[PDB]
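Engineer: Chain residues, written in single-letter form:
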Amino acid sequence: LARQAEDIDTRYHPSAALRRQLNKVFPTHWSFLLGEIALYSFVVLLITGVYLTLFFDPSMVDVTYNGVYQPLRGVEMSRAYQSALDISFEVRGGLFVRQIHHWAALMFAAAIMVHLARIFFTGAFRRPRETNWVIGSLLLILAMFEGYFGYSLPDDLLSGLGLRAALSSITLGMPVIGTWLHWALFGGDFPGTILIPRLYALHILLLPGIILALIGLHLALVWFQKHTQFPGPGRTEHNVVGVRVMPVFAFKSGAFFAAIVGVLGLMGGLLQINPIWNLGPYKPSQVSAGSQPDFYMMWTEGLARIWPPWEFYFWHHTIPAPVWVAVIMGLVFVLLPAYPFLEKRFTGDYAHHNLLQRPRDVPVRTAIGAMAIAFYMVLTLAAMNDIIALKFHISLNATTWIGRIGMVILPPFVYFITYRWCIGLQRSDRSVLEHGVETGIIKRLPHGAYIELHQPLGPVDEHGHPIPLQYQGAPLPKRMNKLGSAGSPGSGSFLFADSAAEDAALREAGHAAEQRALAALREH
Amino acid sequence: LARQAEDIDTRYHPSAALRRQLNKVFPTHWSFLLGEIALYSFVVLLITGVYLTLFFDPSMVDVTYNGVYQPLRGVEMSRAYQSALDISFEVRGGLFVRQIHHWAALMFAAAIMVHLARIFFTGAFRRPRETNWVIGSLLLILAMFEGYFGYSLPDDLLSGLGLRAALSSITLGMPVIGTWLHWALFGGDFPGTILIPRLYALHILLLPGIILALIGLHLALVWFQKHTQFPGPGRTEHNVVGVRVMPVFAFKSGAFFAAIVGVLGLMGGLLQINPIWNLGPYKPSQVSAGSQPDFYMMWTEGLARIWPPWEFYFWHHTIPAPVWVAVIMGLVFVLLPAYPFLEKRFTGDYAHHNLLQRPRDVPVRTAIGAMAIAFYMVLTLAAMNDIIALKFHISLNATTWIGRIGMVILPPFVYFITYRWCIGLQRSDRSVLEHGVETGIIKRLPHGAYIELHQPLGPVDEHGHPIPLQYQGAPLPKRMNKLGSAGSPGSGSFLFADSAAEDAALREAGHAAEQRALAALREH
Amino acid sequence: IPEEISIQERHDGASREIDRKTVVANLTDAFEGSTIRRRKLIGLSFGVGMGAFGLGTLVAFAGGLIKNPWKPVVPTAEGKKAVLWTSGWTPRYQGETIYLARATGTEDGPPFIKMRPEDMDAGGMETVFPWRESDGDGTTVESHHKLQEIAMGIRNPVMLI
Amino acid sequence: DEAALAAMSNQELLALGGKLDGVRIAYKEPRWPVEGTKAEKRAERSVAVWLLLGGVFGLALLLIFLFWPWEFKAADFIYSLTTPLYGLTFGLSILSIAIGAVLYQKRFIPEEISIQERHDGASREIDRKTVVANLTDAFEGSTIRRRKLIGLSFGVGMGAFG
Ligand code: HEM
Ligand code: HEM
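These protein sequence lines are chains U, D, H and C, in that order. Heads up, the first sequence is in the numbering used here, so the first residue is 1 and it goes up one at a time. Heads up, the second sequence is in the numbering used here, so the first residue is 1 and it goes up one at a time. Heads up, the third sequence is in the numbering used here, so the first residue is 1 and it goes up one at a time. Heads up, the fourth sequence is in the numbering used here, so the first residue is 1 and it goes up one at a time.
Bear in mind the hints are in silico, worked out from the structure with no lab data behind them. Each hint should be verified, as a subset may be incorrect.
[What the hints assert, rightly or not] Here are the simulated BS3-like cross-link-like pairs (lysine-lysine), alpha carbons at most 30 Å apart as the crow flies:
{"hint": "1", "chain 1": "D", "residue 1": "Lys391", "chain 2": "D", "residue 2": "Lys283"}
{"hint": "2", "chain 1": "H", "residue 1": "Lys71", "chain 2": "H", "residue 2": "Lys81"}
{"hint": "3", "chain 1": "C", "residue 1": "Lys28", "chain 2": "U", "residue 2": "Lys226"}
{"hint": "4", "chain 1": "U", "residue 1": "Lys482", "chain 2": "C", "residue 2": "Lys38"}
{"hint": "5", "chain 1": "H", "residue 1": "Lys40", "chain 2": "U", "residue 2": "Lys252"}
{"hint": "6", "chain 1": "C", "residue 1": "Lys38", "chain 2": "C", "residue 2": "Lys148"}
{"hint": "7", "chain 1": "C", "residue 1": "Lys19", "chain 2": "U", "residue 2": "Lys226"}
{"hint": "8", "chain 1": "D", "residue 1": "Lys226", "chain 2": "D", "residue 2": "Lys24"}
{"hint": "9", "chain 1": "H", "residue 1": "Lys40", "chain 2": "C", "residue 2": "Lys41"}
[Unchecked claim] Far from chain C, some chain H residues (derived; all Cβ distances over 10 Å):
{"hint": "10", "residue": "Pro2"}
{"hint": "11", "residue": "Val23"}
{"hint": "12", "residue": "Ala25"}
{"hint": "13", "residue": "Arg39"}
{"hint": "14", "residue": "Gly56"}
{"hint": "15", "residue": "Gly63"}
{"hint": "16", "residue": "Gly88"}
{"hint": "17", "residue": "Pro110"}
{"hint": "18", "residue": "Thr127"}
{"hint": "19", "residue": "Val158"}
{"hint": "20", "residue": "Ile161"}
Every residue, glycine too, gets a C-beta built ideally from N, C-alpha and C.
Using the sequences provided together with the hints, build the complete structure.
Structural biologist: What follows is the structure, given as structure tokens:
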């Protein structure tokens, strides 16, 4: 309505800022949506979590169930487990909501890992945006820890065992402080009356707020410093090619948010996850093969499993094996934000860049990325020892030794292999740039020869051989049908053809539109 | 350091917007700091609440104390009260921190009330900033509800009785819906196992986050739309007079924050507040004169007390008296944001204003404000009837009747009195405008007369009687010492004088500086 | 710190006309480029779908708190009645003997003890609670929990003057 | 840039606004240059089908959420279907909405290409000089550069309090 707009303009006078923000242009590429996925997952996590807070009771006082689940009647149990079972069975649909929460958290972890991997591959971590990389590393670490605190609130015996092992062992194993930190955290011995309320408060109050504020900071930094773009025809280090915000960009974001909510709901309702009722209340005397916690902190458990038993004994003191695990995880923590400075000092490059590099052009960085991903994968699969030996009849000791040799002998092999792979990809791209696109058609040449009939991508010499081009980092169509190859079928939909005039007019309009678009892009 | 500044400039290129905000000018007046105090109190509440969450346990399962307070050993009690006692007595300084938290909450309530009163008096709620007034009303209501939820977590006799009475009676007394809302909130009957955890979650998560977001929105709105200013010599509806940020504004804000933290800490350490250990664990069978909850919702209790017992009985139904109390509080809630619309559609004014009006200029608005404040004061003091009858030997029934009759008869009296008061203030201002301000000196006039010897404030006619000036809504001195007549004594510190030349130089320098400042302000 | 006086030059009021024209033109072109003004069916379908999804989502979200205050959950001597209609004094099998047991405040001794008419005075005020002899003294876990449950009842306490 | 800007075409107004904001637009073409054809009617029918499916699935979700046996009786074949049916209906509804929206965007909203003209790099020198001068005068006017005792006492007090 005109009246409301006139009143708003007269009151707040927002014209330039609205015009400035609304006319902004975003780069268009499929790899550039791997952050909105995580942000939508985060929104889902927040809404589900703010719902779940109305039916919990974090208490360690022993009580009797006498509820609805008959097989667990008359068993002394923690109050928090009782509240969890209540929200899982007594409240209409609570199980659905909590399963959605857990599945969305897993989606968040997977999305953040994928986004970090994509950012590392593209090499946008150079001088203009290094603080953004440091913030992203800190976000990853805090999100991982908070997610670790997630599955521990319904203190069943599995989560109790996991938290007991991790916290009690690593905290008490500190060479110098040791007992002080554990006693500060638990208030005395390991089983404490204040542990669960403290964990609940930390999981609902501090970490989510810090994470949200830092996500806002990250989004603001990526908003001000303009986004990068892949090399292309009309792309240059002083401009950005894409689409405007209002007509397209926001609509796509909303559609993507709806789509991720839909897939999350479908898969959460289809798949059971963490059936605590099947488990039992946590007690120190009960233990079983139930192990292998959530997969986004699983590398710590794998490292604990794989480490050889080395110990040192001096005057009335003893440093156990897990201290090495703590040292390794701390080193991994340190290395993640320190990578840009290390690379800058190693290569001695201090130039600004707004254009990314395709993965096949930098063998060294891709090799280091393969190094890291192979190490992470072998650490992750090593702690799957129980399930691997169970489903597939393999010796537990044999698989342990396979991992023990794998994390040391596998990395160099894949490093060398991916180095050769990148070199070969570069050579293939050069060969494609030299000659024409292989059309896959052969001629008999009555004198008796067979030729390939290359299709040149541009100018040719006086003899018909294509004039060699120059590599510019732009992708090229490996397959002939990718470019040109006019083969659009008739104007029908599924069973009946349309008028020939309509089909001809549509073909002319489409060809004219595509030709005008490419001509405008090339001229600009 | 120069290198860091150069790197920061080369990376994010921020100079323009930073220069824009850093050159902002803020109005200078003591009444303009009554919001900074509330914000600083809010910061104190947030930090303390972050601390307190690490030692609490909101559970209603009965337990035994067997702690350290001997007069409370071996008594059945709620877990939350045990955790509160632990925080109060078994942690070094925990009682100090919780007392600081409670005192800070009271500070916040009083500060927001005073700030709202000053805003209402100054009349800044006109067309340019109406949405700010609506947001402020929402902030007041939400903060009041949050404060009500505050003192209820340590479910002692006082908090239990207050929450029982208020929530149970009001919710169950709803005419149409009634029992549905109460059963949804408590999960069945009044004493529920889920009530306290739900209240704890609502007190830590939803309301504080919403309040912080809305406070940020209000601060942003007052940042963009420039602040108003009192009328003065060099003040006009198209400019703002004050000081810049860097040398004064931020430094004064930090000093005020330190001072408010100091007064909070001192008065918290001196005054005992809410001694729950002296109280007992909540039980339905224990009750006494302990009543009159926190003083920022005490008006609801007073309204409940003074209301006459009117009831209606039709076919198998009954509407109790407190429904009228609910109607009154709902109407009070409704009227607070709707006042500017009523004023603008009553007086027929649709003009922009950047300059405020002094309180004595507008009689009607001041009269309505006196109406409201007198009503609030008489309602609040009515609820404190028991202490009135106790400390001062007065009849309880007599005091109740006095409050009941005064709620009707007092408002018109104070309304008329303040109307006359404002008219008299305007008359006095006109009189002091007509003639020179009285010097308090009389002369014998040997012919036999006595004269005041007025000191003219400006132009003087041929007769020596100053010509009448014009009123510009600007304050004027009423005492000779307010203007420079005789001041600045010797240059000594407390016991020993200085050199005469130094004192004379200081005097002339100060006079020259003040005259230059006044001339620059008046000419420009 | 030196004192200073400055002037801000508000530049308040309505925005510059050129910016308003540019914003209005941009919004109008963006809105009318979709040609949705001449598709009533598409807009109607979008509105119906959005409304249905919103109402279903809000109903599902709000379904975790609704409870019936009128369902029979408490057993009585005349069937089962709602909580609001009972106070713990209702007989359960038509002839129960309930003593006006008074509180004691001791843990070793029973929390409640029976009451005799002679043990009163002309101006004595006492507090009593239902006993339900089948409850038993506070020795076993079940008896102790039942005694605590009867202790925590809003409509239980009764004066006897 | 003059009062005669009135009675100006929308496209040129948009181009002028982009010039003020430093954005030049090329290849803004409607998705249907040809007049009304049955292809567009088929496309609109197809996009409406998804919205109708979403609405129907939402109504079914409301019905099942209101009238489903969800109380525990496992010891049934139906109690094991509450959560799967809820998730299925919810996901199908909102996924149909999303796919309808994306299809409507792809087959009806015109495509465009624009240029941003980053203006990246170091800021303009005048702004740097003004900010440096302002900061220097603000710090130098404090006069604290020649007061070692005051600064030392402030630092000691702040450190002790912290
Ligand atoms: C932000 C990242 C978050 C992550 C990674 C996360 C993760 C988790 C996980 C995996 C569980 C276990 C659920 C189960 O076993 O069924 C859980 C439980 C819980 N979380 Fe979170 N959550 C997050 C945010 C929140 C928020 C924002 C809230 C409250 C506002 C919250 C409150 C709860 C509650 C009450 C539970 C107990 C319910 C249950 O265990 O099923 N969480 N969390
Ligand atoms: C939004 C403004 C707030 C109000 C009006 C408020 C109100 C109150 C009140 C009146 C008390 C009683 C203090 C006492 O008994 O000593 C209290 C205690 C408490 N508040 Fe807040 N509070 C606020 C913010 C917060 C925040 C942000 C947190 C942290 C998330 C928090 C957590 C607590 C805790 C843990 C206690 C227990 C301390 C105690 O009762 O002694 N509150 N609150």
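Engineer: If a hint holds in the structure, say so; if it does not, say that too.
Structural biologist: Hint check:
Straight-line distance between C-alpha atoms of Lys391(D) and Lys283(D) comes to about 29 Å, which keeps the hinted pair within the 30 Å bound. For the suggested pair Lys71(H) and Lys81(H), the alpha carbons sit about 7 Å apart, so the restraint of at most 30 Å is met. This hinted pair checks out: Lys28(C) and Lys226(U) have alpha carbons roughly 23 Å apart, not beyond 30 Å. As the CA atoms of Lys482(U) and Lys38(C) are separated by approximately 29 Å, the hinted pair is consistent with the 30 Å bound.
With a C-alpha separation of about 22 Å, the suggested pair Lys40(H) and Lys252(U) falls inside the 30 Å cut-off, and the hint holds. Annotation: proposed proximity of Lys38(C) to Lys148(C) is violated, straight-line Cα distance about 86 Å (limit 30 Å). Distance restraint check for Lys19(C) and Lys226(U): the Cα-Cα separation of roughly 18 Å lies within the 30 Å cut-off, and the hinted pair is therefore satisfied. Note on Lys226(D) and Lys24(D): the hinted pairing holds, with a Cα-Cα distance of about 9 Å set against a maximum of 30 Å.
Between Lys40(H) and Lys41(C) the alpha-carbon distance is near 13 Å, which keeps this suggested pair within the 30 Å criterion. Its closest Cβ contact with chain C, about 6 Å, brings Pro2(H) to no more than 10 Å, contrary to its assignment away from the interface. At the 10 Å boundary, the C-beta of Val23(H) falls inside the reach of chain C, the nearest C-beta of that chain being 8 Å off. Consistency note on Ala25(H): stated as away from chain C, yet its beta-carbon is not over 10 Å from all of that chain's, at 4 Å minimum.
Here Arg39(H) does not stay apart from chain C, with its beta-carbon only about 6 Å from theirs, under the 10 Å limit. Separation of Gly56(H) from chain C is inadequate, the least Cβ-Cβ distance of about 4 Å not exceeding the 10 Å criterion. Interface exclusion of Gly63(H) from chain C breaks down, the closest Cβ pair being 6 Å apart, not more than 10 Å. No Cβ of chain C approaches the Cβ of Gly88(H) within 10 Å, the least distance being about 27 Å, so the stated non-interface status holds.
With a least CB separation of 38 Å from chain C, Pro110(H) remains clear of the 10 Å interface cut-off, as annotated. Every CB of chain C is more than 10 Å from the CB of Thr127(H) (nearest about 41 Å), matching its label as outside the interface. No Cβ of chain C approaches the Cβ of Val158(H) within 10 Å, the least distance being about 37 Å, so the stated non-interface status holds. The beta carbon of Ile161(H) sits about 47 Å from the closest Cβ of chain C, which is more than 10 Å, so the claim that it is off the interface holds.
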